[PDB]
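Peer 1: One letter stands for each residue in the lines below.
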Amino acid sequence: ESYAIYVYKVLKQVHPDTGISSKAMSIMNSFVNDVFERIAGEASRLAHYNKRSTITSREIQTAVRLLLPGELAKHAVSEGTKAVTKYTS
Amino acid sequence: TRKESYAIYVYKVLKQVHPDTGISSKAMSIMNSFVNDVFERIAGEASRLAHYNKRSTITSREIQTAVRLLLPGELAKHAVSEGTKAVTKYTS
Amino acid sequence: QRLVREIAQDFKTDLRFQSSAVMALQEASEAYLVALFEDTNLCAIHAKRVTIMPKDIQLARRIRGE
Amino acid sequence: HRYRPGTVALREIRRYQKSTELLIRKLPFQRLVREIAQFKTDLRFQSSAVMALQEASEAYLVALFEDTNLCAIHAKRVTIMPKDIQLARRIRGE
Amino acid sequence: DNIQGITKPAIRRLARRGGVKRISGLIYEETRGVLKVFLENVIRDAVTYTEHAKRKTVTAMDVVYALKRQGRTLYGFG
Amino acid sequence: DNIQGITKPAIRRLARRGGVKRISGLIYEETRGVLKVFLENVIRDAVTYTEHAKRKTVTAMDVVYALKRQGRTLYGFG
Amino acid sequence: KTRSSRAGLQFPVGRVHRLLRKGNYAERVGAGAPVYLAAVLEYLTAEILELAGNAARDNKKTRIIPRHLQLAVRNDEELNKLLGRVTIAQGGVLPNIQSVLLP
Amino acid sequence: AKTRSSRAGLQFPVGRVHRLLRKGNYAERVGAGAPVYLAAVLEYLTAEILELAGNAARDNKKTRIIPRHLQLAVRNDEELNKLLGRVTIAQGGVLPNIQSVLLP
DNA sequence: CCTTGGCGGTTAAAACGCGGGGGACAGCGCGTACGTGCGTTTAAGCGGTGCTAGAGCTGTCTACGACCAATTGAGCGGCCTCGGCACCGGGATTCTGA
DNA sequence: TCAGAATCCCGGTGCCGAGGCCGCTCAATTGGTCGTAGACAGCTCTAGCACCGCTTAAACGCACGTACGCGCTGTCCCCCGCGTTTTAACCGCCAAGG
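Chains as they are written, first to last, in the entry's author numbering: chain h, 35 to 123; chain d, 32 to 123; chain a, 68 to 133; chain e, 39 to 76, 78 to 133; chain b, 24 to 101; chain f, 24 to 101; chain g, 15 to 117; chain c, 14 to 117.
Check each hint, because a few of them may be wrong.
Said to hold, decoys possible - One-sided and incomplete, this derived list gives chain g residues near chain b with beta-carbon spacing under 10 Å:
#1 73
#2 94
#3 110
#4 111
Stated by the list, open to error - Straight-line C-alpha distance at most 25 Å; calculated DSS-like pairs for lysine-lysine:
#5 c/74 <-> d/34
#6 a/122 <-> b/91
#7 f/59 <-> f/31
#8 d/46 <-> c/36
Said to hold, decoys possible - With beta-carbon atoms standing in for the labels, derived distance ranges:
#9 h/108 <-> c/91: 45 to 53 Å
#10 g/110 <-> a/131: 17 to 25 Å
#11 a/132 <-> b/24: 28 to 36 Å
Treat the hints as calculated values from the structure; they're not laboratory data.
Note that the Cβ used here is the ideal one computed from N, Cα and C, for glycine as well.
Work out the full structure: start from the sequences and follow the hints.
Peer 2: Structure, rendered in structure tokens:
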């Protein structure tokens, strides 16, 4: 299993009448996996310096702020905050 | 509160290869950092290897593979030889 | 392909390869050489030369850290 | 009496490659850090933090000047120039 | 000698892609050695991974892991 | 304006340790900017770690981790 | 109902939850981490695909190709910084000629 | 009763390494030989570097080992330089090196 | 605990001027290395046909590690102890420059 | 040659940091129970490797010219070495309270 159908679902929302090749789909799969690994590893590092058992949204946010550039990280944090707010409200 | 270190062990190692030689505190700190860094590197590589083959257990085989990947040249050969000698002596 | 097989014979006799396993090697090698030349051209231009020289290649590798 | 231009330069090169002390003055370096750390207002620092920052900075600058000298020599020049630093930081990947 | 299979016009082609106008006569012999070293390192690491995995076939994922170890991530062959 | 506190003799001494014989009169404004960028990056990372740790005081281990993040790996401070 | 529907996202929260619990990162995970990470991944994916689609429309095409991904990534200030050490297969390079070589 | 270190013939502690592996989120299980092997490797590296440090001290006519001596010992050996090519040592200085074109 | 802050004295240090040698720079004539061009040769890819090494997917079961109680001695620390080494001094030897 | 500025050498002073000895937490060892991980036994089949005829994509030897890499010259832009002046890096004693 992979993220292909979800990538399609994302693509059809920002460009309705377009397609994408399988090689590009594989590249996007690798990109998603790589970013997932980076963020998860950074959060796992952060959770060890403070000797805590649990990785929390705060930990993920700290990893994001450390890993992404300036203008990108602000929007990433905003989107994550909005989602985690809508998850409970 | 008490904290772990490697100083006594490093000193014991030093007293075997140079019977008359002192080591400063700054040097001992550098050695502690070196040991910790190599430990982290080898352990991380081993944990990475353990996941590609879907194994729950990190064994001496994985550790050896990590050391072989991580050390260059004849240093890796000597490291493998020493580790194998010690593991062989441990079982008997 | 022949070159890769020959240089792999030095590490383990009687191996076998995957086509994608060779394709990835080719991609990486071409990218590496293109980057090396991209830096070497800057070296040569800094030397106020058009022609590109092995001393430029060596300087590029030295500064890059290879 | 005068030593010829470059002679004392080599003397300084030798003596400063022999020594191991720090070259930058601590109070100015400290004021610089505590100025550019204003990110989060009203901070506090351990001394060892600044002591480590100075070490890392001087190591980085020495490692940069080594490649600057290499570029200057490759250009068949003695004098280093800012274009050499720019080339070094371009090839280095910055 | 399969290192001679990497042809002079092939290296010229790579330089053209890199943006080089005029090529000296020793660049080819330098590039052959550079490529040989790079490939030797990567192949060594890949074969190490394979021998650890007890395989006889060398997978593409082994090449990808070796390139990641060198620090050159490759997208597409996952 | 404390970046002017990194004096011309200081930069000259650093170049002497680097092995430079003759120094142009324009190296210093470039060196100051490079040092400023490097310090800004490292201090930004350190302050981030501190703010995550819920501390007023910036520790040395924070600086060490910030350098490890960028690939410097300073020894001697724990 | 799916957690993604509650959060209003498109990437699956549950698979991310499983991968966090499976990849040996820590002893515990808080409920918000996978939702946050999925939102981040969805945003990055959408950004990449938006720029790829623009690059694809710029060449009169209807299918995104690795060359288009390469152009989209390398023609952006921050994505290049994020993916500086990544080689894209069948991607190529950016067309540029130094000004001291043109007649 | 005898320690595992004594049973293995090493100087580094097996047990502390065992605990650090089992309390470091590396895997679910840790094999009984892994820490012995790793301690042997670490002891070998420690001895390898200290031999050169002591040689540098004897060369510089000193009884104590200092970070300058460690710097020389590391940078004068090729394999150690390759292994630690991204490590900065505090109070370690640099190597004497003057280019042949700068001096008459 | 130890960081930020304060007053005060010492003197190492940075900044300012100047002489003039070092080398950075524009310009020129010259030699031949590398190019544009072009015939002849090598062998790179196609596709077709075929075999099978070795990757892959079902089942055992016991060797191996996690976990638990009880025992006790190894490692971190506190406190004197003392000598390796810097610091300072008088003097002979090296080396540079005109 | 030979002044004269740097540097190495032998020697005394005395201190502060590398170390031994003594206390005592805690954590390392051993005996023992239990679940299951994964080494092993077994059956299935598909990309890789091999051989062959074929089209033709491509490398390479050779001809020959001008672009450009290079040594050399004149000269003036600027940087080093030294001296003079101003000052804040550094060390010390002391305090509030984060």
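Peer 1: Now tell me if each hint is right for this structure.
Peer 2: Hint by hint, here is what the structure shows:
Checking residue 73 of chain g against chain b: minimum C-beta separation of about 20 Å lies over 10 Å; hint violated. Interface restraint check: residue 94 of chain g against chain b, minimum CB-CB distance 14 Å, threshold 10 Å, status violated. At its closest, the beta carbon of residue 110 of chain g sits 7 Å from a beta carbon of chain b; the interface hint therefore holds under the 10 Å criterion. The restraint placing residue 111 of chain g at the interface with chain b holds, with a minimum CB-CB distance near 6 Å, inside the 10 Å limit.
Between the alpha carbons of residue 74 of chain c and residue 34 of chain d the distance comes to roughly 35 Å, so the proposed pair goes past 25 Å and is violated. About 29 Å separates the Cα atoms of residue 122 of chain a and residue 91 of chain b, which puts this hinted pair outside 25 Å; it is violated. Straight-line distance between C-alpha atoms of residue 59 of chain f and residue 31 of chain f comes to about 16 Å, which keeps the hinted pair within the 25 Å bound. Straight-line distance between C-alpha atoms of residue 46 of chain d and residue 36 of chain c comes to about 31 Å, which puts the hinted pair past the 25 Å bound.
Between residue 108 of chain h and residue 91 of chain c the beta carbon distance is about 46 Å. The supplied range of 45 to 53 Å therefore holds. Checked against the hint of 17 to 25 Å, the pair residue 110 of chain g and residue 131 of chain a passes, with Cβ atoms roughly 20 Å apart. Judged by the Cβ atoms, the range 28 to 36 Å given for residue 132 of chain a and residue 24 of chain b holds: they are separated by roughly 30 Å.
Going through the hint list in order, the structure does not satisfy hints 1, 2, 5, 6 and 8.
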